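A.B. asks: Taking the hints into account, I'd like the entire structure generated from these sequences.
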Amino acid sequence: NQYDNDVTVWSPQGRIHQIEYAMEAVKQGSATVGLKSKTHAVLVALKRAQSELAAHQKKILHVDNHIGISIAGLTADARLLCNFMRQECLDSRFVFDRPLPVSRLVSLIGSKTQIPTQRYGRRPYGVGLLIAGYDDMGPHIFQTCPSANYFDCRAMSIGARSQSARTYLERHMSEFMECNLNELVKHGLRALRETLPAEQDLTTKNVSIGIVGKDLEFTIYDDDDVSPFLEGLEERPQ
Amino acid sequence: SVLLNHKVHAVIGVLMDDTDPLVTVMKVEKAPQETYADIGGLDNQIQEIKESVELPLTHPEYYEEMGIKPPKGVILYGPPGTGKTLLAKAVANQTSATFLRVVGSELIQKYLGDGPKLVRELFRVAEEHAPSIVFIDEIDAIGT
Amino acid sequence: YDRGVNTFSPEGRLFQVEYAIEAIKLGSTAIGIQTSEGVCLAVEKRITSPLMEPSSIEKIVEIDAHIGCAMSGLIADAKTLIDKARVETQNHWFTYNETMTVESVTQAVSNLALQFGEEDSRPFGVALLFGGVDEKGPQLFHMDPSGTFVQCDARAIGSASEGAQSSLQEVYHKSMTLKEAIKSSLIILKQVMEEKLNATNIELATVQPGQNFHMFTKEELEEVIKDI
Amino acid sequence: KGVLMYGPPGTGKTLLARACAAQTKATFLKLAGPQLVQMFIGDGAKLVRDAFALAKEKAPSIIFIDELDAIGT
Amino acid sequence: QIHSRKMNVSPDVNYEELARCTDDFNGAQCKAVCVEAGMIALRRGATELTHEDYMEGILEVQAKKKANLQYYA
Amino acid sequence: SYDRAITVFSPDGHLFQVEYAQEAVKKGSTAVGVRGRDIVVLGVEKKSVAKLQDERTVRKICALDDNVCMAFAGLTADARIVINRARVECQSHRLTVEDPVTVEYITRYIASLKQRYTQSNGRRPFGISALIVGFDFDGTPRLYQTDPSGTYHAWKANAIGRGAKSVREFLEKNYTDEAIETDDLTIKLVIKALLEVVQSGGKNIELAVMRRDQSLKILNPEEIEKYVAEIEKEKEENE
Amino acid sequence: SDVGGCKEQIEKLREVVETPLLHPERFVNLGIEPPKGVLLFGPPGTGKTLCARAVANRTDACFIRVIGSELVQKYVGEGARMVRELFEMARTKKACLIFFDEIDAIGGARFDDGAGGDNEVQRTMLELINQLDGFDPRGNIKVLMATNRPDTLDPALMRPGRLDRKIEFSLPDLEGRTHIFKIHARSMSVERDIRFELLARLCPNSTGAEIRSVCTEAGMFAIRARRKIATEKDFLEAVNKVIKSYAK
Ligand SMILES: Nc1ncnc2c1ncn2[C@@H]1O[C@H](COP(=O)(O)OP(=O)(O)O)[C@@H](O)[C@H]1O
Ligand SMILES: Nc1ncnc2c1ncn2[C@@H]1O[C@H](COP(=O)(O)OP(=O)(O)O)[C@@H](O)[C@H]1O
Ligand SMILES: Nc1ncnc2c1ncn2[C@@H]1O[C@H](COP(=O)(O)OP(=O)(O)O)[C@@H](O)[C@H]1O
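Those sequence lines, one after another, are chains S, E, C, V, L, W and Z.
Residues 4 to 241 (the entry's author numbering) are what the first sequence spells out, left to right.
Residues 149 to 292 (the entry's author numbering) are what the second sequence spells out, left to right.
Residues 8 to 127, 134 to 241 (the entry's author numbering) are what the third sequence spells out, left to right.
Residues 221 to 293 (the entry's author numbering) are what the fourth sequence spells out, left to right.
Residues 367 to 439 (the entry's author numbering) are what the fifth sequence spells out, left to right.
Residues 2 to 240 (the entry's author numbering) are what the sixth sequence spells out, left to right.
Residues 175 to 422 (the entry's author numbering) are what the seventh sequence spells out, left to right.
No lab work stands behind these hints, which were simulated from the structure alone.
Do not rely on the hints blindly, as some may be mistaken.
To be verified - Here are the simulated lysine to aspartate or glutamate pairs, DMTMM-like style, with alpha carbons at most 25 angstroms apart: (1) V:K233 with L:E382; (2) L:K432 with S:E202; (3) Z:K422 with E:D288; (4) L:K430 with L:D389; (5) S:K61 with C:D240; (6) W:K227 with W:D185.
What the hints assert, rightly or not - Listed below are several chain L residues computed to face chain V (Cβ distance under 8 angstroms; list not exhaustive): (7) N392; (8) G393; (9) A394; (10) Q395.
What the hints assert, rightly or not - Distance windows between CB atoms, simulated: (11) V:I291 with S:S14: 21 to 27 angstroms; (12) E:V162 with Z:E365: 51 to 57 angstroms; (13) E:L224 with W:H15: 22 to 28 angstroms; (14) S:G124 with C:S43: 18 to 24 angstroms; (15) Z:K422 with W:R109: 27 to 33 angstroms; (16) Z:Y420 with E:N192: 22 to 28 angstroms; (17) S:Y123 with Z:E371: 35 to 41 angstroms; (18) E:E286 with Z:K422: 21 to 27 angstroms; (19) W:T141 with C:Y8: 50 to 56 angstroms; (20) Z:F237 with C:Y8: 37 to 43 angstroms; (21) Z:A269 with V:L274: 29 to 35 angstroms; (22) Z:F237 with E:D166: 38 to 44 angstroms.
The C-beta atom is built at its ideal place from N, Cα and C for all residues, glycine as well.
C.D. replies: Have a look at this one:
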């Protein structure tokens, strides 16, 4: 098939299938989650292991004292976009000393994600981004994709083994909105527990969380900081 | 050939074989002509090729009975016209076996596995009349 | 399929990065090990001709007094990244007037490697291991050509990387003394490089919080070469 | 006269055709499109013509063309 | 339901929850899922497969398990 | 992927298109180089001047600076371009910069240059390997091999061109622990290594010597017969 | 025991071919007619086919082994008819076991965008894949598949009616590599004090066909030395023949 090339070429169907190839590249394994409430927003990304003598890789980054993100792949474009968000927040503080609202920041990131898709000489983005933030309008969860779209969501999950998480989130969207911080992170971790493989139970060594809210900056929690959030998790009935 | 009665077609004799398709022409059934005495001075290769492929086809025990199992194949290299085909015909002359030379790019058959068939037939008709010394001229084509 | 990195596979993989992953194997074996006592590195020195200068295969190198590097792959493209790692310490000296952590050197080399897909050059066929005793203690880090980086308590690259890694997982923990880590690394190295060990085909270096000095532990490491 | 089952694989097209072949007690003429990608210059046309002639000879018969796309390109 | 009744099954089966777990399948794949669940029930030593067998079947039949996420290029 | 382009790995990590540099170098001239006890000595063969032709313009060895030169196995146009880069580079660096130039520095620069020309499309990396010998590196002479791939290394004695095949064994066959004493055994071993050249008699076997302190000195035809006779007598007495 | 360490895989094979002919007391009573066919895929051309031979030995079954080449001739159309002939002539036998190799070249799906070429595959291959029978529609016949490349195989082969199990292999593990040399200690006359335990470790990630080649290469070591028996040094440097020269 000739039409599997530069985003400048449309397939006869009227599609750019390389964007779908980037999207499927995003879907390649362990789970990540994001969801917000009236008070807080939360994202979680499990740190995948490599060996018994190599460290788990962190997948959560801080952007500003009201916004942070989570990242899926080998971070080729994800971390650069995170740094661009950080510089944009610095510019916002340079111009009006304000942490700019989440949605109007993510709109420019969506435009930037679209920019390569029209021209040659630049591969499409191979990562999907989750975002948790709060601003002078409210708390928000956003997510962006190689297709350059941005979504404000009550819950979201990118990767594989996460359709169970997605269904749990689709079920408890009825609760996510009104929950507090602890209840919200409990809901997210329950969605993640829905992603458990057959031979495993959730360990502290991989679960890593980022949290923001109306009275809390975006911060990152690990192992024994995650455990105060892992309590209240769904049990193992049958 | 089979000798048959003219009227009742009964088999009533047998007679000399003077036929069979062009594969016999592809094969060099006769032991080659050049000998080890024609390869002037290139004598270490005589030892190498004797150790490798000359002994089995008149002394099978050296590769089947002496507590061991036979080998498969031996590669020769050097500039064209330096004795490769000459030494091959010399070693094949040192035995009564048939010599089967094929250049690597000559067996290009069209449909799937038919080139493998064109290689397979040479081994199939090998012990159908005596073992053989196979020689791929220019192995280069087959792997890189 | 794989003419350029401008497009991925119909699976979404690049048909380039895994090529760098096996191109890791074109070089000799290499090991890095972090302990609470420091970080050590080793590379097989297996020569092309012993009448070449035997130190000229600089696959075990010092970056600075508290930081060292090991490589797997071609020496040419490794030289650029190693030079970047060395020059960033002097840049820190001339700008911040103090020393630079191995984490930020790792980050800078990662961003230099991450240029071939978002400029507007080409992928680097080398995997790097750094070992530092920096402002955050002992710290071993690993980069693959992809431009990402990970902390490692130990790591193996180069030829026979994965067998050495799997066998080392049986004999390692986060906080032993670096000397017994060296011994356990060598008892596996002896079988990983070719057959037998000497300066023609082995090389190793180490740095410790008690030694911000002379990473080039060669020809004084001779005793543990003959301890094994 | 003509019915095209269409849809992605694994849905039931061949099974439905075989079930209709079953319940009718009629004569079933199953073939695959790839079976008619034969090499010889005109042999595919001869095969199609002869198959339709056989179908006419068998009168209450149902021809099935599986993977018409292989020859309906 | 079709393949389960043909194979005979343990009564405790949520076919509806099976369909929910069979997200975005085609028919043939689930047709396979039934027989392979019966095979694992043979491995489970049960006299007839139950919902656990279909779960443990779909858990493997779904995909080739693909690559590893947090390090994909 | 395939060998159709430099800038992509083979599906096994190979770079066939780049790795063609070996036979790119191999089909040029033939040269050998050593560092003696103090003085480096180099030799070249395969001139084969066609009557009206000359080897004077062929210039297999050119002296870049009073303490650095090289040998140029490969295509002659790229060799001349390397002449014009390296010679002017070292001259200007020593003439203007606070630090002097060394053979190590020029080898580094050439390696970086070739690696950088490997670093882009539409730019053909130089198809020549070279022995670069220098008299000054903290005052000590030394030798380097450089390859089109951008890799560089130091050697005690090496050969390039069509002579790069045999000499790799040949040196290991007769290199003593003693670095070839003074200029006598240094030039003698140069002649021994260049004996793999067509006739070894000095008819078209030439050489030059740099004494680690003075510039490149030529074993000119009025004297090279003496070294040729030395080599021949040494080979005759040991028979 | 001729299998080199992969006895795990041949045993899970026998659960789906050997067990449902020799031990039918658990299949149909528990619901499903005994299965008859499985696929294999592992290291490069290493040992794969031989598993089928061991099964057909203990099954006491007539054995047939096929490659794509034997379904191909300059004469076209008949290549498909050869599979039909093969199944019929096997069923004329008192039940038979048939095996296919490089099933990727046979069980590989349609390639329309080739626009011609060596196109005989497209005429023949489905007559295997679509005329092939599985656990249910199969007569008194046992079938086994193998190929080194499973990623290209048609899902129709993957799905039932073609396959009743799939099995994966890898390069022989350390226990496997030791056991291969244990097997080949029978294949020659040697000074049988060998440290095969160390020979299998001197081999890094490697195959088992090369193990056979190395055993015959120790035979070569005896022959070049004209020695009446092989020795441990012959085994060591025969291993290094691959390990050094095939990996230097
Ligand atoms: N040892 C030798 N004795 C006699 N003739 C030789 C020898 N080596 C090469 N030749 C000459 O070279 C040719 C054979 O060399 P060979 O390498 O077999 O050629 P090719 O590469 O065409 O097969 C013959 O024409 C022969 O005249
Ligand atoms: N709803 C269903 N119920 C029972 N069997 C089904 C169903 N859907 C599909 N199948 C099985 O899967 C196959 C569907 O694929 P088919 O119609 O053969 O087209 P293709 O050959 O393109 O896959 C059928 O042959 C049938 O055996
Ligand atoms: N470990 C081993 N044990 C037994 N036979 C082996 C082993 N490794 C390789 N073989 C060889 O593999 C050959 C055929 O199997 P194989 O080529 O793997 O089948 P396939 O073509 O399906 O890969 C046999 O001739 C056998 O000698």
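A.B. asks: Look at each hint and say if it fits the structure.
C.D. replies: Hints, one by one, checked against the model:
Between V:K233 and L:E382, the direct Cα distance comes to roughly 24 angstroms. Compliance with the 25 angstroms bound is thereby established for this hinted pair. Note on L:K432 and S:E202: the hinted pairing holds, with a Cα-Cα distance of about 18 angstroms set against a maximum of 25 angstroms. Restraint check for Z:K422 and E:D288: the C-alpha separation of about 21 angstroms stays at or below 25 angstroms, so the hint holds. For the hint pairing L:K430 with L:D389, the CA-to-CA distance comes to about 16 angstroms; that is within 25 angstroms, so the pair holds.
Pair hint S:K61 plus C:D240 does not hold up; C-alpha atoms about 39 angstroms apart against a cutoff of 25 angstroms. Pair hint W:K227 plus W:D185 holds up; C-alpha atoms about 11 angstroms apart against a cutoff of 25 angstroms. Checking L:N392 against chain V by beta carbon gives a least distance of about 3 angstroms; that is within 8 angstroms, so the hint holds. With 8 angstroms as the threshold, the beta carbon of L:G393 comes within range of chain V, its nearest partner Cβ sitting at about 5 angstroms, so the hint holds.
Contact between L:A394 and chain V, as hinted, is supported at the beta carbon level, the nearest pair being about 4 angstroms apart and thus within 8 angstroms. Below 8 angstroms, beta-carbon pairs count as interface contacts, and L:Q395 has one with chain V at about 6 angstroms; its hint therefore holds. Judged by the Cβ atoms, the range 21 to 27 angstroms given for V:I291 and S:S14 holds: they are separated by roughly 24 angstroms. Checking the proposed 51 to 57 angstroms range against E:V162 and Z:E365 shows it holds: the Cβ atoms sit about 53 angstroms from each other.
Range check, E:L224 to W:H15: Cβ separation about 26 angstroms, and the 22 to 28 angstroms hint holds. With their beta carbons about 48 angstroms apart, S:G124 and C:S43 fall outside the hinted range of 18 to 24 angstroms. For the pair Z:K422 and W:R109, the supplied restraint of 27 to 33 angstroms holds, since their beta-carbon distance comes to about 29 angstroms. At about 24 angstroms, the beta-carbon gap between Z:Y420 and E:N192 stays in the expected band of 22 to 28 angstroms.
At about 58 angstroms, the beta-carbon gap between S:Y123 and Z:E371 misses the expected band of 35 to 41 angstroms. Between E:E286 and Z:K422 the beta carbon distance is about 25 angstroms. The supplied range of 21 to 27 angstroms therefore holds. In this structure the hint that W:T141 and C:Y8 lie 50 to 56 angstroms apart at CB holds, the actual value being about 52 angstroms. For the pair Z:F237 and C:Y8, the beta carbons lie near 39 angstroms from each other, so the given range of 37 to 43 angstroms is met.
Between Z:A269 and V:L274 the C-beta distance comes to about 34 angstroms, which sits within the given range of 29 to 35 angstroms. In this structure, Z:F237 and E:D166 meet the distance hint of 38 to 44 angstroms, their C-beta atoms being roughly 39 angstroms apart.
Consistency note: the structure conflicts with the earlier hints numbered 5, 14 and 17.
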